[PDB]
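Given next are the chains, with one letter for each unit.
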Amino acid sequence: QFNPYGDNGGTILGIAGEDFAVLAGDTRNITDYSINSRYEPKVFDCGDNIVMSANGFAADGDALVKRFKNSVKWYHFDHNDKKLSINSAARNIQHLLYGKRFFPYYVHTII
Amino acid sequence: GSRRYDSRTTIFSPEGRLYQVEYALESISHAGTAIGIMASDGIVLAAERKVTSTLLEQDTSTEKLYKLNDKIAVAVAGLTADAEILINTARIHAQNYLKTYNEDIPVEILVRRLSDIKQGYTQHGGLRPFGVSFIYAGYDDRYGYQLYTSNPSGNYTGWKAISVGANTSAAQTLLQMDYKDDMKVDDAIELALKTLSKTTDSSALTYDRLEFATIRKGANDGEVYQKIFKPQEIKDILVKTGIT
Amino acid sequence: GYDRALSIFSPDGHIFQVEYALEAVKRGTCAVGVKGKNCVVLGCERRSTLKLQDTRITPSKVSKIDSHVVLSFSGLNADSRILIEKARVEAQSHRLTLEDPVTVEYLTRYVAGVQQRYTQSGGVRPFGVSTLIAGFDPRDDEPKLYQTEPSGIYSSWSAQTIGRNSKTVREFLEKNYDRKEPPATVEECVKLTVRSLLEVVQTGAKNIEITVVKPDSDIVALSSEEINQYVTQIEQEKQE
Amino acid sequence: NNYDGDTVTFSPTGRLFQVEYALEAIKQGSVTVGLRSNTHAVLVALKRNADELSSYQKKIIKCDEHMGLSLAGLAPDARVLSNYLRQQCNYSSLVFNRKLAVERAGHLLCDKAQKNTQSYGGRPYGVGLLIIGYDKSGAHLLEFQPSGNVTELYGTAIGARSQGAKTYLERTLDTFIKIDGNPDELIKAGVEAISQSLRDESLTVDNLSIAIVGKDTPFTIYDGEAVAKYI
Amino acid sequence: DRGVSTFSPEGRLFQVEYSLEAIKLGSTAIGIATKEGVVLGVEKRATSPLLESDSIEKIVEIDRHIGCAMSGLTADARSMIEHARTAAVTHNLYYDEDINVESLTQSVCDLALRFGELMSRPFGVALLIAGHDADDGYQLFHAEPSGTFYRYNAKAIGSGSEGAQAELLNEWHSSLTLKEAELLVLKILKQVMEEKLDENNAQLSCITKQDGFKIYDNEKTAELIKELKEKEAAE
Amino acid sequence: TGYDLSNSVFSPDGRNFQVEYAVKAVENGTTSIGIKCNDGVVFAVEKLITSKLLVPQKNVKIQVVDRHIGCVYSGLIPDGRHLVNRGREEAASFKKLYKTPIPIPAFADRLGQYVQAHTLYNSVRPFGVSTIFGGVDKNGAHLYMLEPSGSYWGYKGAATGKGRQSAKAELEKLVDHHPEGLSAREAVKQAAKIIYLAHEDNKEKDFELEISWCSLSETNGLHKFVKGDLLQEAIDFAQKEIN
Amino acid sequence: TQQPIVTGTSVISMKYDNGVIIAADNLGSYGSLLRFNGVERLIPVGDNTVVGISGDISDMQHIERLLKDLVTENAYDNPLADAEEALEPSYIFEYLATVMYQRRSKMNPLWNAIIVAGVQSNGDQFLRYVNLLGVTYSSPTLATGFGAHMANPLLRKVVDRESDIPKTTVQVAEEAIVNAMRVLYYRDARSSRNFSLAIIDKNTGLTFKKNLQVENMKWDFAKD
Amino acid sequence: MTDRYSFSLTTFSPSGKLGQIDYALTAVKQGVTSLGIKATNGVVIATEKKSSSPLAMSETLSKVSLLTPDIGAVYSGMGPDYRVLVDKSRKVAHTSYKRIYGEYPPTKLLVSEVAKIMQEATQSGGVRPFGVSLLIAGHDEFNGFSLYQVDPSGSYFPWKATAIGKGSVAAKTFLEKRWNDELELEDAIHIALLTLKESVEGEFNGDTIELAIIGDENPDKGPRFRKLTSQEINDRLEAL
Amino acid sequence: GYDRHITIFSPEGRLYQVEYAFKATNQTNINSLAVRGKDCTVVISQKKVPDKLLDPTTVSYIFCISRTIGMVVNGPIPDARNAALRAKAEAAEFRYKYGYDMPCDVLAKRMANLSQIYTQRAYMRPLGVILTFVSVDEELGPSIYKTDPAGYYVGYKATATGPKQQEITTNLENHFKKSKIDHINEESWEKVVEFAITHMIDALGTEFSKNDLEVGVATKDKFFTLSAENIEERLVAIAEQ
Ligand SMILES: [Cl-]
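Residue numbers (PDB author numbering), protein chains in the order written: chain Z, 1 to 111; chain P, 1 to 244; chain Q, 1 to 240; chain S, 3 to 233; chain R, 1 to 117, 125 to 242; chain T, 2 to 244; chain a, 1 to 224; chain O, 1 to 219, 230 to 250; chain U, 2 to 242.
Derived from the structure by calculation, the hints contain no laboratory data. Any given hint might turn out to be false.
DSBU-like cross-link-like pairs, simulated, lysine-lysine; straight-line CA separation at most 30 Å [unchecked claim]: (1) S:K117 <-> T:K241; (2) Q:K167 <-> R:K24; (3) P:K240 <-> P:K50.
Please take these sequences and the hints and turn them into a complete structure.
Written out as structure tokens, the structure reads:
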């Protein structure tokens with residue numbers, strides 16, 4: 001049987017400061033006991049001063065990050081280059097993720 | 001494109017009339033006269049066939065009087081083919097209702113259904129309406145004996161006696177003159193035939209030019225019987241009533 | 001499907017098919033609605049060109065949409081049945097999902113929305129019908145009377161008439177209906193409704209139908225004799 | 003005459019009158035100018051107001067970071083087509099990690115407009131577009147007509163009185179093509195070009211709309227006190 | 001006959017131009033934008049004295065920060081309002097924020113040209136969409152059936168419109184207060200209305216940042232009408 | 002009368018006037034030609050320079066289908082593009098199923114049946130383009146020309162547009178004076194000349210020459226555009242012949 | 001959902017100072033049966049990209065046609081098809097990556113692991129992996145299936161991190177690849193002696209080498 | 001290609017006429033004479049094989065068609081329209097009848113099904129009516145021998161004997177005189193050949209006449235439909 | 002007068018669009034003829050190449066539908082090719098579904114039933130073509146069947162189509178009136194082709210070169226068209242007797 005999911009390892013860490021935030025992640029990508037890459041970036045600048053990472057199954061992660069980045073682009077087009085606030089970004093991501101409620105994006109996402 | 005050739009069958013005239021409905025009624029006015037008369041102990045349906053040659057096989061012929069179920073019949077005026085489309089639809093609705101509720105369809109419900117179909121052709125779809133007017137003769141255990149009519153507009157109304165097709169103006173006056181509420185089936189049979197005999201465009205009214213039917217509860221153990229009269233029986237009732 | 005745009009604008013900014021639908025309403029038998037203090041009365045004309053009718057089974061001019069709301073109309077009879085069916089279905093659907101019967105304003109707004117839909121949908125003509133929708137909201141004793149028309153507009157009326165010679169009976173109601181003091185009782189309300197019809201009806205009690213709607217789903221249709229007593233009393237006072 | 007009831011009917015001289023009437027809607031639209039050098043491409047647009055209480059209708063729409071257009075004619079149609087461009091630009095980026103070529107963008111607009119001119123029921127687009135962009139083969143300017151005809155140019159203008167701006171550019175051709183690595187001087191030439199299409203009214207602060215794309219310049223629109231510099 | 005989406009020889013859509021004629025026949029609606037709020041006012045125009053005039057709903061709430069006045073075939077506006085409301089609420093669901101007034105207006109206008117042989128004809132109603140957002144402040148927009156929308160400092164639509172617009176031309180300045188704008192809408196309505204202006208045949212409303220969109224009571228408008236009469240008698 | 006107001010209506014002659022009106026749009030367009038040579042085909046087109054603002058060599062008119070077929074057309078340019086887009090879909094579906102690249106006669110009928118289909122109904126307009134196309138297949142070189150009606154035939158030479166009579170006369174001389182055949186490099190030169198001679202019918206505005214070719218020897222049976230030195234050599238040859 | 005039937009094994013690759021090298025053996029296994037000995041699994045696209053494919057061979061042949069078809073389509077209305085608007089490795093990859101993930105998400109995957117190796121317009125080395133799940137990654141050395149376990153360890157001794165790429169010459173890199181292919185032949189039961197190797201250099205262009213063989217084979221310690 | 005003709009091409013004119021049906025009947029009038037006669041022990045149907053050219057093989061063009069083993073059909077009017085009705089009639093006799101009941105439909109029902117198809121061309125969007133009138137002769141176990149006519153409108157009538165097309169008025173008068181209720185099948189064939197000779201201009205023989213019978217079973231049953239051979243017709247023409 | 006624009010009845014009971022499609026039939030100004038031998042069916046047609054720029058090899062109104070069936074068309078080439086492609090498709094589908102080669106007459110009736118549909122349905126125009134199908138059927142023997150825009154179809158002993166069809170028809174009628182048989186009593190198709198050409202020459206009153214004719218021959222298990230040189234041989238034999 002075909003298993004559509006995989007595990008690409010990795011670990012990410014968000015910490016909110018008083019007038020700043022950090023999102024960190026290791027750059028190792030793996031499958032099982034093999035190293036795929038020792039430098040495969042996982043935490044992305046998505047524009048509008050928002051950083052994102054979707055750790056877990058790297059394909060579903062890349063897909064989601066790509067879709068959100070595009071969601072930022074289309075938010076600018078559709079709302080007169082208005083800045084997407086972080087709380088709005090979060091709600092937008094909820095709908096992206098719940099959209100595949102019955103075939104989930106196999107990722108733990110942090111912005 | 002195609003718009004060029006569209007008659008636009010479902011529009012209002014400036015006066016607020018539906019062109020095609022009006023013209024379909026004009027069509028129906030030329031069709032053979034059909035009469036329904038409701039008595040206290042039954043309903044009579046009488047109707048005049050048209051054109052007729054000596055070579056028309058009358059005993060296997062049905063252009064006017066059709067059976068919808070065991071309780072309800074119709075008399076037709078207009079395009080026979082158009083009527084048979086609607087009849088087969090009505091025959092189904094009756095059986096759908098029977099299947100659903102395990103009770104025979106009430107006469108008014110069936111009539112409304114058919115009349116709602118006719119209405120649909122006047123409001124949407126871009127098709128010509130059905131060039132048919134029905135007289136519905138039927139019985140149910142709510143209202144007893146019922147007469148209705150419907151016409152291409154999809155409007156239906158209830159009657160004690162009524163005509164459709166040709167010379168309805170003349171027919172309805174003669175019925176309005178001789179009808180009474182306490183009347184009986186045998187009398188209504190006579191009234192129906194007398195009315196047709198006067199309003200006919202033929203020289204005389206004969207058995208070969210008539211279809212005839214009665215819905216009597218007049219049966220053993222209070223059950224409704226439909227009688228579609230055979231050619232020989234229409235000939236007898238013409239002699240009985242003294243028209244031939 | 002048949003897609004043809006039948007209701008369209010003309011150079012002067014009129015949608016003729018909607019206006020020609022109003023002419024079908026103008027042709028229809030007169031209907032009137034008069035709301036009292038604690039009731040609404042729907043009066044309706046029955047043309048006497050049709051005798052030998054069976055009044056037991058002939059479709060009555062006033063229709064119940066639910067146990068607390070009624071709909072009368074002027075115009076094409078076949079068209080009215082479609083609006084009545086849709087309204088009745090929506091009345092039960094509202095009870096099913098909101099656990100509360102429709103307000104008269106809601107039911108009106110729905111019917112009016114259906115009429116509007118037919119004026120800018122392809123392949124369909126407008127309804128040749130105007131409605132008077134009357135009743136009482138759930139657990140409410142304020143009377144409600146609304147009017148709709150083919151274009152899809154609707155509004156609330158202290159009293160209103162539609163159909164043939166509605167101009168005349170609206171003339172009558174405009175002078176005879178006082179807003180500061182409406183018909184206090186059912187008697188007064190029915191009387192004013194019959195009077196207003198007698199301006200146009202020009203004939204006996206068989207040609208007038210009356211339906212009285214009161215609060216808490218209390219709807220009753222008056223008989224020929226009950227109406228005939230109002231007809232007798234109005235003309236005896238008039239002889240003076 | 004008899005052959006202008008719909009887009010599906012050729013005239014006896016081989017003309018499509020509905021397309022020509024759509025073309026007429028552009029001429030009734032306000033003037034806009036396009037021009038480019040080797041490094042930058044500039045749109046200049048004279049925005050039109052309904053009256054003194056009203057805003058000035060926005061003429062310039064962004065399609066991607068490296069591409070956008072100015073409109074003249076039915077603004078809702080420009081919205082439909084710009085949105086279509088945005089999608090094609092976007093599809094190229096998502097599927098091929100590739101910025102859409104300006105030449106290919108024009109080809110896509112052409113074919114979209116064409117379908118509306120050969121089929122019954124619809125109508126031609128009632129708008130003309132000037133698409134500027136900077137892609138892998140440098141700066142580009144396109145002129146879109148709703149007939150379907152798209153044309154790559156050094157400079158042009160469309161709308162009412164656009165012939166005056168178009169003649170000016172035809173004279174200036176050798177000057178403005180050489181304005182490389184200087185955005186402000188290229189905008190000056192575009193503002194001077196659109197000035198030739200003015201009568202009575204002159205370029206005020208909320209009247210003028212300018213956009214620019216280039217080598218190290220994303221597609222950016224300048225309105226209000228941003229364009230006061232060039233008046 | 002001829003196509004619904006046909007161009008005239010001048011380069012205009014017939015049906016759109018004819019729907020604009022229907023809007024001229026509508027009752028007057030006036031909008032005035034200020035830095036203290038946007039005021040919307042309408043002529044009710046009851047066809048008979050028996051019509052209960054408070055049931056004439058020509059001013060409508062889209063969201064708490066967006067109001068809407070209409071003029072023309074007002075039945076056509078119901079589906080447009082419905083869309084606008086659904087759009088406002090849906091956007092708040094997806095983004096946890098109020099929707100920009102321009103974005104809402106643009107969403108409404110996207111319906112307008114969806115007609116052909125979709126709906127069978129354009130809308131026969133113009134809208135004044137008034138609102139506030141944090142980016143562009145107090146805004147008034149005019150949404151036509153052509154699909155075009157203009158922003159306005161002030162705007163009149165309907166039967167009194169060109170007369171009212173010329174009046175709004177003279178009267179509007181960028182330093183108008185809300186109270187001034189209220190009286191100014193009442194003034195211009197009274198000018199272009201056939202019947203005499205009172206609290207029962209005219210309605211006011213506004214949208215402020217603090218209190219959001221509010222249709223005015225008949226008692227509140229009545230006091231503003233009385234304030235207007237006195238200030239016009241004052242010189 | 003009224004037979005010319007709707008597409009797919011037979012007049013009492015037996016004619017479809019809407020197709021014949023599409024032909025008028027073709028006759029109104031610029032000149033385009035095709036020349037069949039020994040082992041291939043050459044296509045050339047007149048591109049009217051409306052203004053000095055037109056970028057030279059950028060607004061390309063000749064279109065490639067698959068990798069071996071060239072298409073050029075006169076008339077409504079978007080209609081030509083629409084037909085080539087369909088041709089590309091046809092050529093793609095053929096190769097997908099049958100592996101081999103689509104033969105030119107096969108491809109010709111694919112366009113032919115599609116253009117013919119637009120004369121069968123009143124809901125569509127006929128194509129406002131005569132399309133000259135061809136290339137090299139397994140059975141050698143083929144040149145075709147396809148009219149608004151759906152009519153097409155094979156040609157030795159083909160020409161359409163405003164300068165078609167001028168061109169046709171020139172093509173007829175070549176057919177007579179070269180029965181053994183014309184070489185690919187010769188055909189490029191001759192194509193340049195014929196567009197230059199056919200420019201006398203569009204003489205008000207100056208023009209830009211565009212030539213393409215498929216040849217089994219010169220391009221490996223693939224469609225390529227004539228560029229640079231070979232284009233300049235053909236322009237020089239053409240300029241010399243008019244003077 | 002399917003199962004792979006005829007299969008190809010390891011595709012191995014690495015970056016070096018001026019470009020990339022990619023290699024893959026010429027075998028189409030049918031389970032344990034070494035069925036097809038003449039299968040090319042490196043498929044060049046233009047003169048700047050080589051797509052190396054392992055896994056199901058019928059699905060490879062499908063991908064081969066998609067790439068062939070992509071070249072055709074890029075040429076359409078593109079006067080710069082052999083110049084500025086030619087296909088890039090990054091374009092070719094992204095397309096395939098889109099396809100692979102789309103197909104997995106419809107539960108009907110192309111049963112492959114792919115390495116796109118090439119050189120970009122600006123002279124940058126392009127080397128990126130994609131598989132049947134749409135999982136993508138890049139690294140100075142990339143290898144599929146079996147090679148990931150045996151080839152990568154050897155190739156990473158030459159280029160362990162990014163900073164080693166400029167220090168690695170084409171000779172060193174090509175030796176490392178050919179060495180790795182030998183190690184795989186000894187130890188991969190579903191490999192073959194015969195292979196193809198492709199160098200994509202930013203100066204010397206695409207060099208495609210066919211009919212190579214694993215040689216210098218140490219068996220002599222067996223006899224004991 | 002959008003079949004945009006979703007609207008009726010047959011509509012009621014102000015006089016109440018359905019133009020296209022009337023015109024379809026005019027087409028039938030122009031068509032060649034065909035007739036039917038019912039005997040006590042059979043039915044006969046007949047028509048003239050109007051050969052379009054002498055080079056044409058008129059044997060290939062069958063005007064008289066078998067619908068079921070016990071039902072036959074002949075026409076006057078447009079041949080191609082007839083052909084597609086015979087196709088649909090044969091098919092409907094299997095799909096809506098034989099595959100359900102395991103037996104062939106009775107004459108009247110098959111007639112009714114054909115009538116339905118012809119009616120639908122009279123009301124459906126984007127079609128003209130059929131330009132034929134059919135004469136359907138047949139036998140079934142419970143109704144016996146029967147003969148029906150079917151017109152473009154969809155209307156159908158049972159006949160003892162009748163004729164349609166070119167010389168139908170004159171032929172019907174001829175049949176009225178000769179027909180009685182005690183005719184044997186041979187007597188009806190004799191009359192059919194006499195009646196058909198009047199309308200035929202040119203050659204009158206077994207090669208120019210098509211004639212079939214519904215009679216006895218020809219050896230579960232044998233088929234009652236039988237098409238008379240060119241020889242069999244000529245034999246009866248000597249006793250004429 | 003929209004009864005003349007689409008396929009609906011005029012007051013006379015006529016379909017004018019069908020009648021005008023019949024006139025489009027002669028727009029090519031080509032005459033075809035078909036005759037039957039013992040073992041064969043021969044169809045000949047005029048070939049006119051007016052332009053010198055035309056590749057004369059591509060100018061053809063004869064089509065190989067199946068291996069057994071040939072079809073010549075009288076009418077414009079786009080409608081001819083429309084009809085040809087459909088007939089080929091139908092003949093291929095038939096063989097697939099029913100496991101034997103589509104008979105000539107069955108295809109003719111099929112194409113006729115399609116032509117009928119365009120005369121009843123308004124959105125479709127009739128094709129402006131007459132389709133003469135030929136084969137040597139394995140049951141019926143040599144076969145000629147013809148279809149027209151009306152949707153009529155019939156079998157023929159011999160036939161002729163085009164502007165001068167009446168002249169060719171009467172010429173053929175007169176020959177068969179003499180011989181008193183339904184066919185050309187000849188063993189070789191080569192001589193049946195010679196007959197066909199000879200009787201067209203006599204009927205039309207024009208001589209032919211090899212490039213003025215186009216010939217198709219049906220035999221058992223194949224239909225084929227003759228080359229220019231095959232026709233030249235045929236013309237030589239005619240001249241020599
Ligand atoms: Cl068939």
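> Are the Cα positions of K240 (chain P) and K50 (chain P) separated by 30 Å at most?
Replying inline: The given pair, whose Cα atoms are some 23 Å apart, holds under the 30 Å limit.
> Within 30 Å, alpha carbon to alpha carbon, are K167 (chain Q) and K24 (chain R)?
Replying inline: Given that 30 Å is the threshold and the Cα spacing comes to 26 Å, the pair holds.
> Straight-line Cα separation of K117 (chain S) and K241 (chain T) no greater than 30 Å?
Replying inline: violated (43 Å)
Comparing the model with each earlier hint shows a violation of hint 1 alone; every other hint is respected.
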